[PDB]
Amino acid sequence: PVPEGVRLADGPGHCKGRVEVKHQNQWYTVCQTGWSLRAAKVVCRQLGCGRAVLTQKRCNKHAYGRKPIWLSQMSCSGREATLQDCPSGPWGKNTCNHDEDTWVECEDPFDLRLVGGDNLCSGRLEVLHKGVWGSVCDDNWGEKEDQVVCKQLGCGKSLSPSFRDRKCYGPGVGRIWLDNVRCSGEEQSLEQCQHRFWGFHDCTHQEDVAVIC
Amino acid sequence: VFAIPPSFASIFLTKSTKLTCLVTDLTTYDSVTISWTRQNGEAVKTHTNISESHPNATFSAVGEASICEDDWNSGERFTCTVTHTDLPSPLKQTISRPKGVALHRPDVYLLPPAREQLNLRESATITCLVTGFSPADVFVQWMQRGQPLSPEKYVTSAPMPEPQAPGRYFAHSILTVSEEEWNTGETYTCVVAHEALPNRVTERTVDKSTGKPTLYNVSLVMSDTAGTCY
Amino acid sequence: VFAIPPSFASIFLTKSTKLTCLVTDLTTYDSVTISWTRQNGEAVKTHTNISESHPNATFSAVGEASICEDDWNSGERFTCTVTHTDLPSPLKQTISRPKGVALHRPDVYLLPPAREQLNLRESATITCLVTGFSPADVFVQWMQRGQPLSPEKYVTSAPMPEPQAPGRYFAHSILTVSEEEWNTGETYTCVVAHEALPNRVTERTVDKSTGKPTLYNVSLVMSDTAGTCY
Amino acid sequence: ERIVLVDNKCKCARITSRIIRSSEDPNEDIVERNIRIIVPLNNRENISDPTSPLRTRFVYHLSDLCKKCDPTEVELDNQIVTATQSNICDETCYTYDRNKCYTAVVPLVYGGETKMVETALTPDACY
Ligand SMILES: *[C@@H]1O[C@H](CO)[C@@H](O[C@@H]2O[C@H](CO)[C@@H](O)[C@H](O)[C@H]2NC(C)=O)[C@H](O)[C@H]1NC(C)=O
Ligand SMILES: *[C@@H]1O[C@H](CO)[C@@H](O)[C@H](O)[C@H]1NC(C)=O
Ligand SMILES: *[C@@H]1O[C@H](CO)[C@@H](O)[C@H](O)[C@H]1NC(C)=O
Ligand SMILES: [Ca+2]
Ligand SMILES: [Ca+2]
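Protein chains in written order, with the authors' numbering: chain M, 133 to 345; chain L, 347 to 576; chain K, 347 to 576; chain J, 3 to 92, 98 to 134.
None of these hints come from the bench; they were simulated from the model. Incorrect hints may appear among the rest.
[What the hints assert, rightly or not] Distance condition first, Cα-Cα at most 25 Å in a straight line; then the derived SDA-like pairs of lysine to any residue:
(1) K70/J <-> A542/L
(2) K558/K <-> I32/J
(3) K499/L <-> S209/M
(4) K558/L <-> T373/K
(5) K299/M <-> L128/J
(6) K299/M <-> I32/J
(7) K262/M <-> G248/M
(8) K499/L <-> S168/M
(9) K69/J <-> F332/M
(10) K438/L <-> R461/L
(11) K276/M <-> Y134/J
(12) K148/M <-> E77/J
(13) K445/L <-> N419/L
(14) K499/L <-> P509/K
(15) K276/M <-> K299/M
(16) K438/L <-> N402/L
(17) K262/M <-> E239/M
(18) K558/K <-> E526/L
(19) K558/L <-> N529/K
(20) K391/L <-> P200/M
(21) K289/M <-> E239/M
(22) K499/L <-> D79/J
(23) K199/M <-> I413/L
(24) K276/M <-> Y576/L
(25) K193/M <-> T440/L
(26) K69/J <-> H450/L
(27) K438/L <-> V378/L
(28) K70/J <-> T440/L
(29) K445/K <-> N529/K
(30) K499/L <-> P507/K
[Said to hold, decoys possible] With the Cβ distance kept under 10 Å, some of the chain M side facing chain L (calculated, not the full set):
(31) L186
(32) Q188
(33) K189
(34) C191
(35) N192
(36) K193
(37) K225
(38) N226
(39) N229
(40) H230
C-beta atoms are modelled at their ideal positions from N, C-alpha and C, and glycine is treated no differently.
Okay, chain M solo, but in the shape it has when bound:
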C-alpha cells in the first residue's frame, strides 16, 4: 500500500478533478467508505495545491470508463502531509459501492506576484486566491506584513520606505482580494496571516499597497 502520487484528472483544472492513485506504474483510483474533507486536505497537501474545499462522492453516467477500486482503505486524521504518513492497514478490502468515484475541488495555490514595477522585487502587490489576480488593501498595513511577504517572495528583507515610491509605482486596476491583512511576522506566507474574507474590501483601487525589498 504505497500511494506515491494521487493525480486529479477528468476535471476543469490541474488539481480539481477525480482522485486517482499510483503504485508500481499502475495508475489506479480510490474509493473509500469514510472519505471526509480531511482526506482531501491530505491529498491537496502532498500535491501542494492550496487548501481543500469540496469532496464529492459524485457518480456519473456509466459510460465514463474508469480504473478499478483501490485495494486498501484510507482513513486518517488529515493534518499530515502525504498519503504515507497515515496507515492504510486493510489491504485488499474493497467496500465502496458499485460504480462511483470521488472528487476534490481544492484551490489553486497562492501565487503572489509583485506587479507594476520595473523589477519583480519592487511593485504593487497582486495575489491569486481564485483564478483571477487581484491586489490587496493597505488597511492597517504593518512592517510585519512587509517582512512576511518579502520572506515569501524570497527576495531579502524590507527597508520600510517613505511611501513616495509606493505611491509612484501604480494605483492598479482590477479587484481587491484582501483587506485588513494582518501578519504576526512568523507566518510562512500571506494566507496564514489574519485577514478579512477574500474579495470583501471596504477600499477602492487607490489604496493598493506596494512592498519594496
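Given the coordinates of chain M, work out where chains L, K and J with the ligands should sit on it, guided by the hints.
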C-alpha cells in the same frame, strides 16, 4: 416500511445522493428485494449495505442506491419494490422530491440558556431556533471553536409548521452542554444548511460575553477635535 | 382490537380518563357485544356515542368508559371485550398504567424571544423548554393572562429522548406572537402538565422585562479635557 | 480581557464586552457592554463634501454597528462553505476613518482655467 429520501442534510453534509428504503425484519427471506427502480425502469444496484440490526434481527438489511444525478433534483417517480414471497403482498414504498415548494430563507435565532437553568449549575441547553423555512428539510450542526461537535451532544427536532405562518416550518436544536463551559464564555456556533439560504449555510454563534448584557456602560465622548477616528 | 390508552395529555384536557377500545384490525361485521370490564370482575356504564360503520378494514365503535384518575393509576388491568364474526372471543387486551417508568419532574425553562425577532418586528417566538422528565407524557398549554390561548397559536413538539440523560426526555413548545404584543408586556405563562410534578402543573412566565435591571452607566463626556487617547 | 466586539472606525463606536469575575458563584458575573462613542462636534453631515451643513443629529443604530456581513468559512465533514453571520443586511460615516483618506475636488481658477484639483480633507491620511 420506510423509504427515507435524501434531504438537504444528506445532500449537503455528505455530498452524495443516496436513495434508501429500510426493510424491517417482518419475516426472514433469502433474496431480499430492495431494488431501487426508476420511473424509467433501470435499477441502480443496491444490496445489504448495512444490516438493520433490529431487536428481532431476522435477515434484515438496508439498501442504499446512489442515484446521484440531477434526475432526483429535477424529480422522478423512484420506487423500491419490497416484494417478498414471505408475507406475499409486496410492501413497497414510493418517494419523490416535493415539487414546486416555495423557498423562504430561515431566520436563525440563537437563544442562550435560561437564567433559571444556570442556577442549577448542572447543564446548559442552548437552543438554535431555525424558523421560517418553507422547504421542509433542514440540516443543523453545532460547532465549538471550528470543530464539529458530536451528534450525541445536540438533538434537533423534526420540522413542524410554524403556527401563524401558512406553510413555513420551524425547527429546534438543543445543545446540552455543562454549565462550567457556558459560564466560562465558550462560543457555540449553530451551523444551519438550507436550500433557500444565499450562501446555503448560516452560522449563528453564542457565548456568555455577547449574550444579553447586565451592565451597559456607555461613554459618548463628545470631543470637538475628533475628526478622524483613532 | 387495538385499544388506544388514555395519555396524560388526553386525561388532562378532559379531566376524565376515557380509555378507548376503538375497533382496529377487525373489519365491519355483526355480533356487537363490546363492553369495557374492570379487572375486579365487574363493568360500568360504557360507550356513549359510538360511531357508525366504516368498513375501511376497521370499524368505528369507540370505548368511552368514564373511569377516574384513582381508577386508572390504581393499576387495574382494564380489558375491552369486543366480539365479532372473525373472532368469537373477547379480545381482552391488557391496558393499565405501567409501573416500570421512572418519575422525574420536568425542569421547565421559558426562554424569551431573541432580540433579532423583536428587531425584525413581525413575530416573536417564546419557547418553553420542558426538559429532564422521565415519562414521555407532557401536556403544554399557554395562557396569556390566565385564560388559555388557542392550540393553533402554539405548537408543541413530541417528547424526544434527552441524549446525555439515560431515559429522561425533553420537549420544546413555541408560541409565535406579534412583536407589538410582546412590547406591551404580557405574562405569557407556559403551563406544563406532567405526572411527576408535585402539583402536576408547573408554570413559568416571561414579560417584556424578565431579566436583571441591566443597569446603564452612560457617560456623556462633553469636553476635550477628558477626551480619550487612541 | 476586553474582547473587541466591534471596532467601527467610521461612526467611531467601539463596543467591547467582558465577563467581570465579580463573585465566587459563577452566575452573577455581569456581562458588561462598553459602548465607546466619539461624537465629532464639527464634522459635517457628508464628510466627503466639506461644504455640507454641520452634523447635529448623531443617530447610532447599535444593531447596524454589530452586523457582520463578511461571510466566514466553516468546515463541514465533506465541504468548506461560506457562511453568512447575520440576517440584518442584504453609510453615514459621522467621522473620517484613519486608514481611509478622503478627497474633495475644488474649482481653482487663475485665468478662468477652472482646473479641478482634489484636496486632502484628512491630511496625514494618504499624505
Ligand atoms: C458627499 O459628497 C461627495 C463629494 O461632493 C459626493 O460625491 C459626488 O456626488 C456627485 C453627485 O451625486 C457626483 O456627480 C460626483 O461624481 C461624486 N463625486 C465623488 C468623488 O464621489 C457624494 O454624492 C455626497 N454624498 C451625499 C450622500 O450627499
Ligand atoms: C461604570 O461602572 C464602573 C464600575 O462598575 C466604573 O468603573 C466606571 O467608571 C463606570 N463608567 C462611567 C462612570 O463612565
Ligand atoms: C466600562 O467600565 C470599565 C471598568 O470595568 C472601564 O474601564 C471602561 O472605560 C468603561 N467603558 C467606557 C466606554 O468608558
Ligand atoms: Ca479594513
Ligand atoms: Ca488605507
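The hints, checked one at a time:
1. Distance restraint check for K70/J and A542/L: the Cα-Cα separation of roughly 20 Å lies within the 25 Å cut-off, and the hinted pair is therefore satisfied.
2. Proximity of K558/K to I32/J is assessed by CA-CA distance (about 10 Å); at most 25 Å being required, the pair is judged to hold.
3. This hinted pair checks out: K499/L and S209/M have alpha carbons roughly 21 Å apart, not beyond 25 Å.
4. Restraint check for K558/L and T373/K: not satisfied, since their Cα atoms lie roughly 60 Å apart, outside the 25 Å limit.
5. The straight-line distance between the Cα atoms of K299/M and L128/J is roughly 18 Å, inside the 25 Å bound, and the hint therefore holds.
6. Of the supplied pair hints, the one linking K299/M and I32/J is violated, its CA atoms being roughly 49 Å apart against a limit of 25 Å.
7. In summary, the hint linking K262/M to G248/M is supported, as the alpha carbons are separated by about 20 Å, within the 25 Å threshold.
8. The straight-line distance between the Cα atoms of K499/L and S168/M is roughly 21 Å, inside the 25 Å bound, and the hint therefore holds.
9. Distance restraint check for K69/J and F332/M: the Cα-Cα separation of roughly 15 Å lies within the 25 Å cut-off, and the hinted pair is therefore satisfied.
10. Straight-line distance between C-alpha atoms of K438/L and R461/L comes to about 50 Å, which puts the hinted pair past the 25 Å bound.
11. This hinted pair checks out: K276/M and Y134/J have alpha carbons roughly 22 Å apart, not beyond 25 Å.
12. Of the supplied pair hints, the one linking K148/M and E77/J holds, its CA atoms being roughly 19 Å apart against a limit of 25 Å.
13. Taking the CA atoms of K445/L and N419/L, the gap is near 10 Å; set against the 25 Å cutoff, the hint holds.
14. A distance of roughly 7 Å separates the Cα atoms of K499/L and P509/K; the hinted pair therefore holds under the 25 Å criterion.
15. Taken as a hint, the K276/M and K299/M pair is honoured in the structure, with Cα atoms around 20 Å apart against an allowance of 25 Å.
16. A distance of roughly 21 Å separates the Cα atoms of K438/L and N402/L; the hinted pair therefore holds under the 25 Å criterion.
17. Proposed proximity of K262/M and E239/M is supported: the alpha carbons are some 7 Å apart, at most 25 Å.
18. For the hint pairing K558/K with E526/L, the CA-to-CA distance comes to about 21 Å; that is within 25 Å, so the pair holds.
19. Restraint check for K558/L and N529/K: the C-alpha separation of about 17 Å stays at or below 25 Å, so the hint holds.
20. As the CA atoms of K391/L and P200/M are separated by approximately 17 Å, the hinted pair is consistent with the 25 Å bound.
21. Restraint check: the Cα-Cα separation between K289/M and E239/M comes to about 29 Å, which exceeds 25 Å; the hinted pair is violated.
22. Between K499/L and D79/J the CA atoms are separated by roughly 17 Å; this keeps the pair inside 25 Å, and the hint holds.
23. At roughly 20 Å between alpha-carbon atoms, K199/M and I413/L fall within 25 Å of each other, so this suggested pair holds.
24. For the proposed pair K276/M and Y576/L, the alpha carbon gap of about 21 Å is at most 25 Å, so the pair holds.
25. Using a Cα cut-off of 25 Å, the hinted pair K193/M and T440/L holds, with the two alpha carbons roughly 23 Å apart.
26. Our distance criterion of 25 Å between C-alpha atoms is met by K69/J and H450/L, whose separation comes to about 21 Å.
27. Among the hinted pairs, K438/L with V378/L is consistent with the structure: their alpha-carbon atoms are about 12 Å apart, no more than 25 Å.
28. Restraint check: the Cα-Cα separation between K70/J and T440/L comes to about 44 Å, which exceeds 25 Å; the hinted pair is violated.
29. Distance restraint check for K445/K and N529/K: the Cα-Cα separation of roughly 46 Å exceeds the 25 Å cut-off, and the hinted pair is therefore not satisfied.
30. Restraint check for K499/L and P507/K: satisfied, since their Cα atoms lie roughly 12 Å apart, inside the 25 Å limit.
31. Among the interface hints, the one on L186/M holds; its C-beta lies about 7 Å from the nearest C-beta in chain L, closer than the 10 Å criterion.
32. With 10 Å as the threshold, the beta carbon of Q188/M comes within range of chain L, its nearest partner Cβ sitting at about 4 Å, so the hint holds.
33. Of the supplied interface hints, the one on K189/M holds, with its beta-carbon coming within about 4 Å of a beta-carbon of chain L, less than 10 Å.
34. With a cut of 10 Å, the hint placing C191/M at the interface with chain L holds, because the nearest CB-to-CB distance is about 4 Å.
35. Interface hint at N192/M: satisfied, since its Cβ lies 8 Å from the closest Cβ of chain L, which is below the 10 Å cut-off.
36. Residue-level restraint check for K193/M holds (minimum Cβ-Cβ distance to chain L is 8 Å; threshold 10 Å).
37. A least Cβ separation of about 15 Å between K225/M and chain L goes past the 10 Å threshold, and the interface hint is therefore violated.
38. The beta carbon of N226/M is not positioned within 10 Å of any beta carbon in chain L (closest approach about 14 Å), and the interface hint is therefore violated.
39. Interface hint status for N229/M: upheld, as the beta-carbon distance to the closest one in chain L is roughly 6 Å, under 10 Å.
40. At about 5 Å, the closest approach between the beta carbon of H230/M and any beta carbon in chain L falls short of 10 Å, and the interface hint on this residue holds.
Of the numbered hints given earlier, the model fails hints 4, 6, 10, 21, 28, 29, 37, 38; all others are met.
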